[PDB]
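The chain contents come next:
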Amino acid sequence: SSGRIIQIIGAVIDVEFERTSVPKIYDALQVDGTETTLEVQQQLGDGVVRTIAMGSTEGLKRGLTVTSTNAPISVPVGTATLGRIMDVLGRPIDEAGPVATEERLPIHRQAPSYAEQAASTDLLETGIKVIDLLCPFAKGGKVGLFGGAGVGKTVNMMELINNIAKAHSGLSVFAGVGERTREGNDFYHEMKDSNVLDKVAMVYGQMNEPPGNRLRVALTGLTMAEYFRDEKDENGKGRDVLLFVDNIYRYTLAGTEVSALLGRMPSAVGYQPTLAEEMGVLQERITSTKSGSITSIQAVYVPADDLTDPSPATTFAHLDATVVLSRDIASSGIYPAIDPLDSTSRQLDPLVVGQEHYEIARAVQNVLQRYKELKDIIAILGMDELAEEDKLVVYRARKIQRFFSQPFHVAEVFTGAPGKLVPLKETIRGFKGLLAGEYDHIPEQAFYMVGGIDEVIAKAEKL
Amino acid sequence: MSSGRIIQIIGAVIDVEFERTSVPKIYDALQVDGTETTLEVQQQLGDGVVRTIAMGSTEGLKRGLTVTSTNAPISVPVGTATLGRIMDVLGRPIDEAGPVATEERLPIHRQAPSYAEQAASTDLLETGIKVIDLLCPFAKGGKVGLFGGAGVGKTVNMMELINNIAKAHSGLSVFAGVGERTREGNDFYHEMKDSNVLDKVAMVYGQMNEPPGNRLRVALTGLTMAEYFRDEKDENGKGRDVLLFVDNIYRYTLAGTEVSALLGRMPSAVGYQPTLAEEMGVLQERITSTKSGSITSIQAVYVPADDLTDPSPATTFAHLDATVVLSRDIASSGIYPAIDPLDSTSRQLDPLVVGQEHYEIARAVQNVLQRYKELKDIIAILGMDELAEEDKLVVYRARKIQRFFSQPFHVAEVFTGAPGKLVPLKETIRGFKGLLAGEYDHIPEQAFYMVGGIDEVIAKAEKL
Amino acid sequence: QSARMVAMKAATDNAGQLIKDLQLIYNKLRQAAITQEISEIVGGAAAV
Amino acid sequence: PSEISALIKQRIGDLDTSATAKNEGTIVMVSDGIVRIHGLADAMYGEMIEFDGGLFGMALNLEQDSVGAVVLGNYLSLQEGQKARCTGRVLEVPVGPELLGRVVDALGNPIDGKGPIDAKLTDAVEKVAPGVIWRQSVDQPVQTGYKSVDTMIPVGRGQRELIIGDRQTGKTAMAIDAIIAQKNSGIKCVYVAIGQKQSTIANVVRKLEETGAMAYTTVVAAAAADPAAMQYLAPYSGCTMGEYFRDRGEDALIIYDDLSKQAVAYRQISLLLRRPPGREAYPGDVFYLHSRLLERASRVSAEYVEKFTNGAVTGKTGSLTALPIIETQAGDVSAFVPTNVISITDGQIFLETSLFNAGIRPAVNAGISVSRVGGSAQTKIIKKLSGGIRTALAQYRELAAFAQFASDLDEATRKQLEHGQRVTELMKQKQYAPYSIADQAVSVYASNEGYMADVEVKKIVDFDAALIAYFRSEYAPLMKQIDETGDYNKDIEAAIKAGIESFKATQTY
Ligand SMILES: Nc1ncnc2c1ncn2[C@@H]1O[C@H](COP(=O)(O)OP(=O)(O)OP(=O)(O)O)[C@@H](O)[C@H]1O
Ligand SMILES: [Mg+2]
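Residue numbers (PDB author numbering), protein chains in the order written: chain D, 2 to 464; chain E, 1 to 464; chain g, 242 to 289; chain C, 6 to 514.
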């Protein structure tokens, strides 16, 4: 009772079976010639099925026998994968020998039930000025990184990685999704020289494989994160784990590719109508739970800097912060180079962050946005013709921008790789003083490339 | 033997089979056996197969169920008793006050009026509202474009129109609610009732809670009602001349797009039905006057997206004859109605239509109102006394004009006391001409406000 | 002062004119975009 | 112990009482919760269908030879060959006041982990609006605790009013806060959530529980992890529960979430049925789809109430007010779906991104937001006192450009500008802080009395709060009486003004 190759067109495959013996959806189909594998997409009656090829699309012969597994796609999981890089099938692609474990789990579980949402919202700190002041995180949150091409975004993620690793036994995981493999290799080696791989797991989809593979890498990473969170350690509560999405947009595009060939009609942009279904399927399995939590970071690309179409629209209905990188702030020499005026979080709320921090954020928003709108007239005439009012405002804004300059903990070579991870409370103190004007008598340079008030004062005194 | 059985059902479209020796024609009426739903032949699919639409909900229905025909298009009750009655598209009472009294039934469809019956003359309807009566006179058997948002007294204006046409010209009134929202419909009913005018109008609503076919055919329903009343001859012949009120014809076009899409036919340039102009016309040509009787139309018009070049308003203007627009500011200035006497356009605005002197007078008024409008900004900014005293005279005279164009309404009598005043031309004309002569530049603006003819104005002025 | 006042008035008027221009072109472009997208959709649906 | 053993045995002996001669079908084709089945010649249109796995399905396309039906539960469990079976019934869900404090599925199945629900009554989800003859006008107001809202945009029991705006604009917050204000209204409320993150859903749940108002309240949510059909039908079910009480002569409020989203789901479903697409892939009936839903909510003629009750109740009249929400792309109104929506509601409210970005909380643009029901949806006193705000806000919004200006302009313009700036700021408000109509009344009185036309703008909110507390303490019986009735009387205004001038004389702000 083995099926055969009956029709192949590009990325869509069909097989005949004996009508009594019919494979169920989402179960693997074994090419009897090669290692290539097929996933069920829909059952075409008469023992006819439609499938997508996991692996190469070569060597294919009409009328070649193929067998099944009668079971969904399961790959090994567990601590025997940390610091190893796997394919979409969980095989060693790092030539580091085979995986050590046999703990294999399927990849199409259901979203966690309603009753098991973490009954309370949480918060996460990063020790980073602009973020922990203006982009708060909930443990279990959803984070978007928009734009940024004159700076090392991967450097930023790796900084967060060192943040969480030193901050918690909670490990980390990244998934290659349409990965610009140059940057992927760079990240791999730089994490390598960081000597931090024990808390990291690697799967790559690198713009070279049938769309299904790049679709499913996301599920793979999801599954790894799930299981790893579920390992309740010595207490009954496992570690809270972190995820890295190479790009959500490529996840959308993976399904977008062959949707029409699937017989699916186009959507409002020509897209796949199952867009929202798969999107929610993805997101709803990323939450905080009664025991443990899982959060993720999503490297976001924006087409032509346009957000007013479904592809980012659907995503936005699932994130919790919109970190939008800034290019000319990098041109201003700022290390993080993150815009301080557009990035937001839904987490900016006095009830969750306290009142003082919230109101400080309010005031800094106001001062920065007011300074921006005076740029033109300042250029036209000069500082003098402005009233004495807002001169201190200009100085304070400039000092704020300097204060945001945070030397990186892990670049290994940008300023010596010095970590700051300053407490939120100390930064609150410093920005409170600056808003009050406690130090509105010092050149902004003293606030540059440093952290708390102690560093600023020491720098100002040394010079 | 006309019983046919259901063969296929999707959404609202319905398919039946019949015997290849007895096949109903298109637009025939099918009553489902054992239920009160009705089917409408759209296109013969051969093999005794017909594709039709349903009229209402479609639930519980199952294939192979027998359905009969009528061998004829839809017919509804018509007659004198139809006034003060609200029926569906099928002409079936929904007021829940007994069945329809008449036994007279007429099919909904008929061909376009004959070229021979187009009356060889074109004259004007008399109204007593003193504004259209000068600036945008209505033809006899014309189409009046109406625009503006709600809350400006649209219902009120319709009230007064109905009152006048029924009173002087003994006109009969028919109103069709295309895509109606129930609440305002009920309010309009209660208004029909309190203001003692319900007894003279025939009412049918199609709600936006119904499949499109209902909404499409209420139009032809009311149309046929009007046709029956007009062709109903009076003593010595000469059946009445009647007015027709229809809401949001744009909704009509939208419902046409609906049914065309449901048929699985490709869209049009914007995406309307490609046949749009066909139904638009079919609506239009049955709106005219004849050698016997006449019909005139009032149609609520909404311009989606403010596109004067959109296909739907473009096709509308192909049949529009006069345009009337309603203002928000003017009403806020306590002037009622709030008709902008500067945007309203009439095809009938020609010395060959209203006569020579009337035409010139109207043109002069338009000039004065313009002139003052561009005066306004300077009056605001650079003061008032920095201008030509003739320009100031223009200002005062235009203010008098605006104060004067509003008037009490006989419908306003029950509203706020103050019984309205009916006024024809040849006094409005004379009074306005005298005002243009400046012979009344010795009187405050108040005598012109909430008042009838110039004789009344002078009476008040002397008494003021 | 007088000359500045008059120039501002003229500027307002030119602004109004340009507003009309842009609005008209916007209507045209919206129509064209709708046409293009609906044509795309109907062709794609006709593909099956 | 042995109790259940007897229970299970006695229940069992009640079954296999006969052999059924049912008519059913079998599976031919499956794709994405969509199944083509063969057989079942006789079938109700839109019949709910059962399947060998215990799941259920909704039949839509009755083609001449087969049936297409959509999975209601979770597919990926069905294979061709398995046999369907119709229920001889249409889709039906339970209702009942016991549903309060309960959270269920769009099918009406508990999700609160509170066990089964003892609903004595179930009803078909799909019905028709009552006869237009059974409509009587709207006069009873509905309170929002939002001075701008309750002043310029009155809301009457049984009216359809639309909140609309762009994204992350607190629209959800607007709905929920409006819900909160129903401590004293005596009405009940239903929240319909569509395609949402269970996290957000649970946060709303927890917050409501903190308010405790989840006792005259019921809520159902079609989250983003749910079958599209579930989402599509859910608002109709919510409408069904509302109509329950409405037909009981009761008055209530319901709220939708993202009717656009459920429209999207319906688009996808229809598309998978190989139906002819419309503009932007939207089947035309979307207009019909929404409209047949919205009109089901209104305020009914008490005569209809009486006749339906068959004498059970005679005094009151039922009502149901509809508060839907639409999210927009960059504040467009020309999009097909919103365009359809607009002509349906009895009034609309916009949210402007910049205002909230400017920190204007709430960020409503009154400049275009309207309510064509007039003052009939306000109380007599508010009906009296709205006009000052109306005209002041008008004048301001025409001539607000002079912010930096008026260093040489006429004084009257300056005074009117200050008036406008102050009153504009007056509406800035925080969530979860509803204003009683008495609070709104004292604020408006102080406004029109100009007793805030002498204080700096930066502390207007502080001024107001202080005044609020001052009256609340000193003159509690007065506001008591006010919100008991809501009538404007010279004695009342004299007492209010005396209190105001005392407050000014007394402790400062
Ligand atoms: N008056 C207010 N004062 C303080 N905070 C407020 C106020 N109004 C709203 N907020 C805050 O703004 C946040 C965002 O609003 P909300 O999430 O309701 O927008 P939304 O449009 O519902 O989002 P989405 O579009 O994702 O559904 C809320 O978390 C709420 O706490
Ligand atoms: Mg929301």
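It should be emphasised that the hints constitute simulated quantities derived from the structure, not laboratory data. Beta carbons are placed, not taken as given, at the ideal position from N, Cα and C, and that holds for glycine. Keep in mind that the hints are not guaranteed to be accurate.
Stated by the list, open to error - Derived pair list, reagent style BS3-like, types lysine-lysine, alpha-carbon separation capped at 25 Å: (1) E/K62 / C/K435; (2) E/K373 / g/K261; (3) E/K376 / g/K269; (4) D/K140 / D/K167; (5) E/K154 / C/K132; (6) D/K433 / C/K435; (7) C/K463 / D/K392.
Said to hold, decoys possible - Now the in silico label distances, taken between C-beta atoms and shown as ranges: (8) g/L259 / E/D343: 33 to 41 Å; (9) D/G46 / C/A335: 27 to 35 Å; (10) g/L259 / E/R347: 44 to 52 Å.
As the list claims (entries may be wrong) - Examples of chain C residues toward chain g, derived with CB under 7 Å: (11) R284; (12) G455; (13) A458.
Against the structure, the hints:
1. Taken as a hint, the E/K62 and C/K435 pair is broken in the structure, with Cα atoms around 55 Å apart against an allowance of 25 Å.
2. For the suggested pair E/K373 and g/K261, the alpha carbons sit about 20 Å apart, so the restraint of at most 25 Å is met.
3. This hinted pair does not check out: E/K376 and g/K269 have alpha carbons roughly 34 Å apart, beyond 25 Å.
4. Between D/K140 and D/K167 the alpha-carbon distance is near 16 Å, which keeps this suggested pair within the 25 Å criterion.
5. The suggested pairing of E/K154 with C/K132 is violated, with an alpha-carbon distance near 33 Å, which exceeds 25 Å.
6. For the given pair, D/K433 sits about 24 Å from C/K435 by alpha-carbon distance, which is consistent with the 25 Å threshold.
7. Our distance criterion of 25 Å between C-alpha atoms is met by C/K463 and D/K392, whose separation comes to about 21 Å.
8. For the pair g/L259 and E/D343, the supplied restraint of 33 to 41 Å is violated, since their beta-carbon distance comes to about 23 Å.
9. The hinted window of 27 to 35 Å between D/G46 and C/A335 is violated, with their beta carbons roughly 45 Å apart.
10. A hinted range of 44 to 52 Å for the beta carbons of g/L259 and E/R347 is inconsistent with their spacing of about 32 Å.
11. Interface hint status for C/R284: upheld, as the beta-carbon distance to the closest one in chain g is roughly 5 Å, under 7 Å.
12. Because the beta carbon of C/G455 sits about 34 Å from the nearest beta carbon in chain g, more than 7 Å, this interface hint is broken.
13. Annotation: C/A458 was flagged as interfacial toward chain g, and the flag is violated, the nearest CB pair being 31 Å apart, outside 7 Å.
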